[PDB]
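One chain follows as structure tokens, the form solved without the partner chain.
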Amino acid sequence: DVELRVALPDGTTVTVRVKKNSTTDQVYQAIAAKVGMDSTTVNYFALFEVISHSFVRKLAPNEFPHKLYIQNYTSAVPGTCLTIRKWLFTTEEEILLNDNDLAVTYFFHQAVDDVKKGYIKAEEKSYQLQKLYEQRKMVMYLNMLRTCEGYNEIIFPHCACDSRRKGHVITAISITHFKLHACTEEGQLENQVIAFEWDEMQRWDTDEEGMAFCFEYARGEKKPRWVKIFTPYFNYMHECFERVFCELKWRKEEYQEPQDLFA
């Protein structure tokens, strides 16, 4: 048995004892039980690894959280490199949890932090959000922030792309689109953005050897094209695609027979 520490959205840390070779899902479930999640909330959060002050990476199911915890332990210092964050692209489903105290509290504290890191641009509504924040009117704060650009959008660090000769791309993933932002090889934005609709996606895959996430898209009646994004986080990006399409299909599900044409 070994100790593991994991940061929570409210800034507190939880300690759990796990088997050394526990996988992501086993560790996540142990944390969820300890913090009091139930069947109504456990599926909206996940384990992430803090990569930088501006990026966290979702652990894939075959990873071992203790291996990562101890690898970064000295670098992590007082804090840990493991953290629980929301895993949800469909903001509409988030609103339906506004009567769930644990969900609201976690969503709230993460949102406050995501505004401070510039992920969510709240400048237009800053005055009312500050008033709601100071009154700890969490639901009202979240309902307003949910209208702001960047809410529930995952931004990846800049990286090379086989479909741009010179320069990098910054990948931005939300339930509404998959976006690529042009930037320089040193991360400097170049004021150009391409948006892909999710229903334009045909196939996607990883290339472990080539360190790439790959997707095939087709706009209108044109032939499909593959794009390679040379991100170190290709497994995470792949899991974002899987999650988005999972959430889109769940939404559809929530809202002579066709199964035999012949009588």
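Positions refer to the first chain, counted from 1. Shifts are known only where both forms have a C-alpha. C-alpha atoms forming the largest set that superposes within 1.5 Å between two forms make up the rigid core. Compared with the form deposited with the partner chain bound:
- Just one of the listed positions, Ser75, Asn98, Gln192, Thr184, moves its Cα by at least 2 Å between the two forms when the rigid core is held fixed, and it is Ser75.
- Look at the core-aligned forms between the two forms and you find a single run of 3 or more residues with C-alpha shifts of 2 angstroms or more, at 74-79.
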Contents of the next structure:
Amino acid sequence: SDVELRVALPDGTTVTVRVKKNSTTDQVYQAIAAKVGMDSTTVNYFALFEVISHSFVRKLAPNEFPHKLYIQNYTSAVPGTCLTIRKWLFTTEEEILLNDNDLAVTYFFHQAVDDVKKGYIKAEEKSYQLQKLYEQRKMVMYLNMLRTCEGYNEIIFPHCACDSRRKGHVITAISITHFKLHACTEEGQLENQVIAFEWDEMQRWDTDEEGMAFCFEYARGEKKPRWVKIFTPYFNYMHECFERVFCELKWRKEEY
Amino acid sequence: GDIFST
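Show the other one: the form deposited with the partner chain bound, since we just had the form solved without the partner chain.
Okay, now the whole complex, with that chain kicking things off.
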């Protein structure tokens, strides 16, 4: 029993695949990566995401059925699908190693360009230099410079409540470097406080399905480990980021 | 306590 699926790719094209009705997300992802020319190296740097809003996409958990998400959220409007292929990688050095892969470079470039437009990457200072490289279409040079800007390979979540703030909310920001909570109002306006947690201070982490919360336990300075709860709806996505960061840290090949 | 305090 076969069905067609549409999926958005980082360069703005879409692709369609014929997959079995009840396929899981990784089975759909492999089929797509086959249909677009991803080889055995490149395929591990991308994954399936769902568009939530103009400023947030969420990674599909392993036991989801992409076709069910496609059908549920389908409209006539462009792109014609809620599914999208995006980069999945926190260690920007692994990116460099792909600077000779035409497929990878092209996808990295076009998504990085979109992330700059959306404010995730803060070029600002060298905006003009990056614009000239963009206009001459020197993708690798563009990426090599943007890779030094604040916000590259950071995952920003929508603001939400937290059991360890008296009032207001937090915007969670995840990167290979640390785990950052930014203080904001209950409306989402950025206040002026940020806490950085190093990954080495993370003792355990977990989800709370019933309480719609991601949970982490840290041991900072000299005190005793405390649990913090972030009441995010995307708590399984957040847990996957933790597992993935530690995995990339374990297999890191460079002192840089 | 509050993270953004002490």
